[PDB]
Structures are given as C-alpha cells and as structure tokens.
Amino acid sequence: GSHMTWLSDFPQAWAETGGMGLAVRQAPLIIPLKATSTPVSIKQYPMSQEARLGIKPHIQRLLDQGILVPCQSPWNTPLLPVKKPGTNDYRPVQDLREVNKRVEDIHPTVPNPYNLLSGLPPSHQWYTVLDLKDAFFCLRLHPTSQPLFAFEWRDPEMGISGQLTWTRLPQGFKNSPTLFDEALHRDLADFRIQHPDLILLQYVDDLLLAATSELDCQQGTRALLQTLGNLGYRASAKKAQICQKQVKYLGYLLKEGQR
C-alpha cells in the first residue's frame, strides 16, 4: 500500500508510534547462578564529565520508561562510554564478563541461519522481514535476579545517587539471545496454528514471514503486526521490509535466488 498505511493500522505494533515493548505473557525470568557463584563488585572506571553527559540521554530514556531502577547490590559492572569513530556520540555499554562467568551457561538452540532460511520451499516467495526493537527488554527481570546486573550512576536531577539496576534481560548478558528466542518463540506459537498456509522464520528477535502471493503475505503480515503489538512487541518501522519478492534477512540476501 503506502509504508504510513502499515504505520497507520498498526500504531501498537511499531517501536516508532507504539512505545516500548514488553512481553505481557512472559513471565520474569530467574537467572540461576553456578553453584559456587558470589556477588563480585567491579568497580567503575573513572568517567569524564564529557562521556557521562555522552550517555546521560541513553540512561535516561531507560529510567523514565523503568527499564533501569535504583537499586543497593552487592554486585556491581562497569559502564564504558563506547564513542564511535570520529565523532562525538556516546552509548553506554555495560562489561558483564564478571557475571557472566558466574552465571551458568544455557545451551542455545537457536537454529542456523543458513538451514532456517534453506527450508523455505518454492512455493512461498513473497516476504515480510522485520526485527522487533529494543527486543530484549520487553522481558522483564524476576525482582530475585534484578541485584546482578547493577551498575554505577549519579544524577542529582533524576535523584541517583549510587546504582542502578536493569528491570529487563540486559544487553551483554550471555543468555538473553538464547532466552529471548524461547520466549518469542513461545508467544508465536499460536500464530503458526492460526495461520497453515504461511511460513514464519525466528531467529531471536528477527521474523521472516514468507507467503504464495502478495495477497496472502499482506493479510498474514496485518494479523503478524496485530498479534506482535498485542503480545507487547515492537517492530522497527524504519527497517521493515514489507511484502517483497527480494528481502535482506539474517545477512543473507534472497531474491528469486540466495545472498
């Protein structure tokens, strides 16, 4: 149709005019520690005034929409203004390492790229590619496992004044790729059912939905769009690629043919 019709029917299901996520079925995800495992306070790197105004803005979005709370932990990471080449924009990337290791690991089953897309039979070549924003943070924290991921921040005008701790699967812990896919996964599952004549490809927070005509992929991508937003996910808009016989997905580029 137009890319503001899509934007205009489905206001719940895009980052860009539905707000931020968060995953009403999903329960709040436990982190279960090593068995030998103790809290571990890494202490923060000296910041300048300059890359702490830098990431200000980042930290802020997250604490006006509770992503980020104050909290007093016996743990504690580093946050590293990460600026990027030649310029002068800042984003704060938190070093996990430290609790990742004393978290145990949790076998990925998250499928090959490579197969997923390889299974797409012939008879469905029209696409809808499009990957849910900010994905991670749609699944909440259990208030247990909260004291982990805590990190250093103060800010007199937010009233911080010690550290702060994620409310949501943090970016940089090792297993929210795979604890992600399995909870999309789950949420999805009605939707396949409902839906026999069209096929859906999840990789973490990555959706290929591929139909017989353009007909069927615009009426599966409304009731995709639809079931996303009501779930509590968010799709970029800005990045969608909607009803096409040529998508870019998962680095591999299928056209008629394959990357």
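What we label the rigid core is the largest C-alpha set whose atoms superpose within 1.5 Å from one form to the other. Residue numbers count along the first chain shown, from 1. Compared with the form deposited in another entry:
Once the two forms are fitted on their rigid core, between these two forms the CA displacement reaches 2 Å or more only for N88 among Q171, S161, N88, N100.
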The other form holds:
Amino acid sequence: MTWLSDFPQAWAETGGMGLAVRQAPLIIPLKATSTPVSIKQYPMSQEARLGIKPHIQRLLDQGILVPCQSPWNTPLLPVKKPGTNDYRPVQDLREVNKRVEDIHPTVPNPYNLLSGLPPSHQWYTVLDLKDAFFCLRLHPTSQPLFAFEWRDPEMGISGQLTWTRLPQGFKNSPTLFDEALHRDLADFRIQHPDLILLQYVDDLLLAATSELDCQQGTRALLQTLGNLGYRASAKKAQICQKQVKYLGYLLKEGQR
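To test you: the structure above is the form deposited in one PDB entry. What is the structure of the form deposited in another entry?
Below you will find a single chain and nothing else.
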C-alpha cells in the first residue's frame, strides 16, 4: 500500500471527491421540439426515505446536489440493490432521455477494445475511477433538466433538488465521460508511446512490457489522474499484475 501514500490525491480514499478541472461544464442539447416535463413523485415509504436520506445529505454537503425550482421533474426511486435491504437513490430519467438530442455512441465494445492489447505487453494495472460521472461538471443552463423532488419531515429541503454534475441514469453519461477522459489523457498517451492504455468509461487498463515499465507507467498515470481531478479506487486497484480482472475478462499469459 506504499502506492496509497505516494499518490494521496489520486485515490478516492484520500483525495476526496473528484472534479475534472480541465473540462468545461457540460451543456446538454435538447431535441428541437422538446418542452419541459414535470413528472409526479409517487409517495415513498419511510423505510425507503430513511435509507436514501444519508446519501442525499452527503451529495448536498459535497455540492453535487443543490436546491432548485425547475419546470422539469422526474421520479426518484428507492432501490434495494443485491436483493439486500439497503436503499439507494435511483432517478427515472427516461422522460428526460427521450427529449435530449442523441449523440453517436463512441464507447467501443469490450471485445473490440481488448483486441488492441499486444502479446508484448503482459504487465498490467487495472484502475477503476470512483464516482466518474460526478467528476464532470454540468453547465448551470443544463442543471434544471435533471431535477427531482425531495421530502424530509424535519429541517431539510423544501422542494426540488438537481445535479451540478453529470448524473446517473442519463443516456449520454457513459459516452460523454469516455470522450472527456480521452481528451484529458491524450497528452499522457503522447508522453508514453511504449505504454498501452485501454479506456472503457471508468474502467482503465495500463499495459507495459516489463514490471518496472508498469510501475513507472502506473505512477505517472496515477499522478496525472489525480492532477486532472479524477479519483481511482484504491480498494479495487490491481497494480502491476501479470494476471488481472478487466471488463469481465481474466487476463493471463496474453489470453482472452
């Protein structure tokens, strides 16, 4: 874990919530005929509400969510993941997605992305960017679009809240993030010709020919990511392994 110490700012664990400082706040273009839609918030049980509350509060403290009055409104859903009885906020942005202008999907499919890994580079590092979408600011003009209602019995919010960052459930988030990070890591690729860097939204794979080149490469990548404002999961990081898990594949001896 000497890496955790050498790169404080790069790990989600010690660098705090990220923010892509080099990326201009995103403006989300609407379809030519779109008009705001305000969907009714169906009553939520106290159990769900209590489970969600801490997440909402944390996001408010972090500034990711802010109060607002908007012509738009979509449902907030209480979702117990892994069948487990733990609730987390899930916004139904389907009506918003329908009204936002489409963009060409530029994220490669994992199968094709992996085809770009030579047998020569067998030293790997896998990094997962934490709260990736949240690292990208949303332009003030586009924020109203993702509003939802938030109710709390004692001293909280009085109406709607919305995101100041690219949100979950928005049809174009994966693509916009992949493109933004590609722009931010363009220079790194240029400064490290001998390194292979695969990008799949927030799932990164760095490939080197030698253990040391992977150590040096990994150090530089972590340094760059931290400086750019992104955060990698230290808990999940797979640093300089000749065998790693990436996008559902088990990379070993140049296999898969």
